[PDB]
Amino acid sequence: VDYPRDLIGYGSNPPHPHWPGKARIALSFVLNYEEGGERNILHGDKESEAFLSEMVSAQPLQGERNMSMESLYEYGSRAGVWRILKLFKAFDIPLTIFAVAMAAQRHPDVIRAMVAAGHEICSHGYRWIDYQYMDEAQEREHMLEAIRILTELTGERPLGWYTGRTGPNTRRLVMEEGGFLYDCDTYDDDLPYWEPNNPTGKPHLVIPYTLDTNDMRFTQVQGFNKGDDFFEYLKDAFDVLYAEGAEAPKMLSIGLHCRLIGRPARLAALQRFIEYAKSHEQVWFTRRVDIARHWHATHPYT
């Protein structure tokens, strides 16, 4: 039996990350930019989008446009993004942008704005779709196209990758490409680790992401009712990890979407959490590529 999953990881002995500034916790705020790259018959897809909107019981419509769904996504690119970017500038916290290439193509000025502000542009795929059933040839073709578009748009190729709705081949293809420093398509640890299955042989860093400390839950069946639920949820995660960080620091990812936390009713809670985190000493507010370069310098692959 050759069991491909690693259920053990670091076991009872996770490594000390030695974060900069003696930090007891590292925080990675991530802003997804997906608006303009989601399912739409305009984009050539077979159906309309149904995932992550105020229309909490929406289903895909075959061969149809869902106008309300489209409008909800437009809030993200029209209004939410600028509000969120302002918030992070006000507290001088850097972002990593999981940017969908097709979305970025449709609003190049906001992407340019993000680059000028010093945020990291990470690849979030060519399209914002589910890759579960896509043939390997086509998924690999999407991947290379995502890199092309983001390189042209930002000026440098992306060094991180996150699909989200992966298939069985996604991560293998990402690591096979050779050019990424890291990917985030796992939810399996509180610390980065070197991928144990990289035949390429080059070191590939895994920086796990999150589906729980993530504003996606505002629109899911099991899901925050009000902003303060998200604040309390983040505060609890922070508290437990910051406590552990007296001896064994870890990291925490906070996932955000323009069309979701960009609504004023939800932004208030994110600000309260940022204020809470800022009120503590020894917190490393950082970007994901910075975590990756740090890991390389601190725990090189052996």
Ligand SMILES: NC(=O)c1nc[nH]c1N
The other form holds:
Number of protein chains: 4
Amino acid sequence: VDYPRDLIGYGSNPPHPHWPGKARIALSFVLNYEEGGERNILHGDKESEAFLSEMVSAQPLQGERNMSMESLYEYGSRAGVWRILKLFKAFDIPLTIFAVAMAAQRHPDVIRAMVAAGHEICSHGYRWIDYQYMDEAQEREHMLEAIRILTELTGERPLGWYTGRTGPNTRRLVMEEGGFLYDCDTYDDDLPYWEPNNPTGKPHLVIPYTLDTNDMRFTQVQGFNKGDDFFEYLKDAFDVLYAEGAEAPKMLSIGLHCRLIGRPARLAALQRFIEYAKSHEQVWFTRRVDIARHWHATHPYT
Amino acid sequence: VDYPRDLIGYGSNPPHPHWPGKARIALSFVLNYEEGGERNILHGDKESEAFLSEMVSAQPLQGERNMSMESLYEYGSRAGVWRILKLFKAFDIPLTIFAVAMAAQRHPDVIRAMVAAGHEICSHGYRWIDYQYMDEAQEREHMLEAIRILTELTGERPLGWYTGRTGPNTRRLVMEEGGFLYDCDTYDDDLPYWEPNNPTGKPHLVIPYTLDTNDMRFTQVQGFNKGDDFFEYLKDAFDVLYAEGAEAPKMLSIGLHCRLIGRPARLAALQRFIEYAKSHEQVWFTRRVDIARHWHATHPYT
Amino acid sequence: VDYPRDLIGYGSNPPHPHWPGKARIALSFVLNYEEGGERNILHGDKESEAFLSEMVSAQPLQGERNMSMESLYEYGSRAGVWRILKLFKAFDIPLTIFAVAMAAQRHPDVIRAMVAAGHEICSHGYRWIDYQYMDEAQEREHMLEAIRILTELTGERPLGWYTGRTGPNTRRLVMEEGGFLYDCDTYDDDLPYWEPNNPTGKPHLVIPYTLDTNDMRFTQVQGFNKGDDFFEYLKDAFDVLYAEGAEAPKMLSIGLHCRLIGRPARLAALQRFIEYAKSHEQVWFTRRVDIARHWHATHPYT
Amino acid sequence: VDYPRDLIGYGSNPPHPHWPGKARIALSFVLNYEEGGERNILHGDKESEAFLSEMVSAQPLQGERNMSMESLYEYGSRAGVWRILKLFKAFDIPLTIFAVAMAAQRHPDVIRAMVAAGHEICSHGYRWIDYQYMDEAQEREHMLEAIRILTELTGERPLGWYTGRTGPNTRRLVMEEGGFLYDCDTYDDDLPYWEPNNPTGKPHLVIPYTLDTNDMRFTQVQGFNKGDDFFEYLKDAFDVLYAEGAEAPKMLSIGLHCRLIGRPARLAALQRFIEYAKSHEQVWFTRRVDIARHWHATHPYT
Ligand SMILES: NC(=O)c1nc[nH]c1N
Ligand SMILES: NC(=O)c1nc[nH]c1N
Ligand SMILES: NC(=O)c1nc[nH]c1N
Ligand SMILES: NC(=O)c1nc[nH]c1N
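Would you generate the structure of this protein in the form solved in complex with 5-amino-1H-imidazole-4-carboxamide (5AC), following the form solved without 5-amino-1H-imidazole-4-carboxamide (5AC) above?
Now the full complex is given, and it begins with the chain already shown.
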């Protein structure tokens, strides 16, 4: 008898994080880069992409090419990413980039442009796909293959990972890997915690990510019609955490995608919230690597 | 010739409930607990969970494990439930817990923590699944099995039931069971009524539940984009009942799930409504068991 | 070479209707009654109902019984219909009832209760289903069978029809039938027009209905989250027609369903609009039969 | 090794367009005409239409006729188109018509009526369908067949194209064709650019279109509930571009469909935005052909 799920975690007693600056909230802004990395027969894929694009009802096409799907992704790398990088640089808030190995190759300039802005480049896997079914063998060297590309693309290896479309073996291999300080393949808490089942023994930091305060909802069945739906949602999820942080601060992730929030219609909202957030004192805008290194010092694994 | 459906009920003449305090409305706040109880091959299930999670387009996976799906549920037990329990305790309004036997085992501390707050623990079945197809035999001892777990988990047996994903045999077996005062496997009225087709002869109270003033809509195709959609909906459904209650009071159910409303973004709305509701006199916040025992005394079965 | 579709109609020259009272708009409020008439193995159906219910992602079940689905419909006949009848009687605006033969049997009291309020009872077919595939033979006597039930249910035959889920043969048979003054199985205009392809030769009036200013959208993938979405939509579609009616009045249909708008949450919106509409002079609230008889006198078939 | 996708385009350096009048934004209003051109067994199709109609969950029917689907399209040609033509003529802003060959035949009067208003008639293909799978041979003379119809329908050939539901061969054949100045079968930028892979050698202008600032979203799973969702979206996507245009102007496409925006409920929003847009100086309302000819002179292919 063994349950491979921790349904309880900290329970009624979440640790206090003591965010630098005495912030009542810690905000993680995340910009993915998957454009170019997505499904495509050109990449070897047996079908075209269908996930997160204006084509909200798109289906995959076996041994076909979704020219439309492709164009919409192309907006993310071509136009969307730039516009967002100005927004964040504009307010001096830093980013964590969930960058997919194959996309980074295909647009190394923009990666190096991020790296120079001081944004942290976290690994988003070798390719933007669903690992759920992948064989353990072929999945393990996607990771090391991804680990190699970004080190050579960036100058330093990635000490963070996030697959997203995880298969079971995924979070294990991350931890078995070695050189990662954290992962984000959880949406299970409002705070970071050390992975309880690390075979490796070495401390492993978990920084849960989000599928609700994620701009991906602008293209899902359930999701924002206008910008303001995203914004009101972010304000809400801010207000409630800030209010809690008067005695017990927590964090909040914000997921952005080049092809979605980068569209001017939706960018308006993202800036709206930034300004909102910025108007409150005791807010720590930060990269996830900093949250990991903050945790290490603050609440070292025991 | 026999129609097994009562399409008429009270017709033009709903009974007046005389809610304690002379309230013009009776409000039933319900917090489900299904996290840990849901579909999973670890539980014997042939496929992973797909119902009510941020993964609004998730499909079931035969003999697979949806690590993502699991994590999102894990948020309900780990973080969501606690935050909500503070909200309700915060306003001194009481709850009725629709608790699923298997989840209660997996987190007995939080169940006992509820029981101590004074919230009523109603049965939500042995496992959170779709009974629609289950064989009468194997379904009947899920119930008694569920009936045993919560008595031993709580100190008293459950005198209420709600499966949700009912099969035909379900509401019968509930009534054939014996020790239940009511059930909630109806969404067919704005007031409680005695089950008209109880083979058992013994009075059986029906307290219709809701799939519209339910936070579940935040993850369905049709459903709230921002918090305010839930809230405006609740205000509306409040305003119209309160206005009616000037001469004929009725009730209103509110369905909450740990993994959904417990997310800070959506909690803001839930509190918004509570405050709204609280600002009106002649409102009876109550547990369903109290509504059953209120009915017994007020409008005894004949 | 023959195109069985009139893509042009009145073109740039819609006729002026000269609505009684010199109204700048004519409003058709329609309340369906399908509850009890819907799909069900008890009715002979090979599967349960799945269309328009809170169960926004429900699927049909072959030789099964959706107890949940049924309960939600039961709300329409049990509670929803009554509450709405008060709303409309409350403002003295009259209704056109799209009543399905099988539902009318199952709740004759409420039908006769409508008839006494002075509302017009239009035929909605024998059963609430999809005729698209039905054989011409078995479909033709559904209609006459439906035609018989409501005459005996009401005192007068139905001079109007609307199937909704039409099959090709449907609108023909309506016209071949004989005693109907109009039908509504079109959503193709903002005004009534005589059917251009009536084999019968006898004048046939078309009164297009709506699938957008229909409360059905509260349960479809695309559709209102809160009441206000319905209301804002109705105000818009009112404002634009009223503004046009300064020189060229038109009509507007409003589709309501017992099980959907009758829920207090959504009723609030419906009343909101009524009040809105009521606040403007030169608005003709009317039954469709009156619109037919108005047309006859005003713009007789040539 | 050859990647058939330009993921980078202008990168960090989009060209300045110097819009006539020194406008800080260039607005492309587009009204499609597909009604009559859509899928239908009468047209040879093996199934009925299912894309973009109030029937938001409609499925295609093999060798069948969706009478309902048809009626809803019929609203676009019969009523919707006219009402919109007044709106745009009302404000003196000009249109680009994406007109589908088969629809234009079926309603030549309305086409010639557009042509006389001074609106540009761009080709939207021979038939409104999905070319993705079409054989290169039979697809190539759809285009020339479409090219012939509109020249004879309009007086001048179409120097622009947009299929929408493109297959790979599509944009190639457009360029191989010869007499087109641009195409719009991209959604990959916020500015026009010369096609980088034109086999023909001759300059080919790309004017990316939109699937987000498109009224089509009113009938998709993700999309506007009320008018205001469309409008707020347009204001946002306007505000952000206008703000950028203080130093670097760009354009914005607006997709409209007769059967969707032409409904009074949604027309209100479209006018709302027009007025909004109109209230700002330095806005260039224009046809796409003018944007092509503007580009030619301003930023000639090299
Ligand atoms: N964050 C993401 O875009 C993602 N990565 C894998 N699956 C996803 N949804
Ligand atoms: N209330 C519930 O979460 C539920 N229980 C069974 N099916 C459901 N939707
Ligand atoms: N109006 C209706 O509810 C209807 N009737 C047949 N199909 C429908 N959608
Ligand atoms: N713009 C359009 O309506 C379109 N044309 C082809 N596919 C589409 N969605």
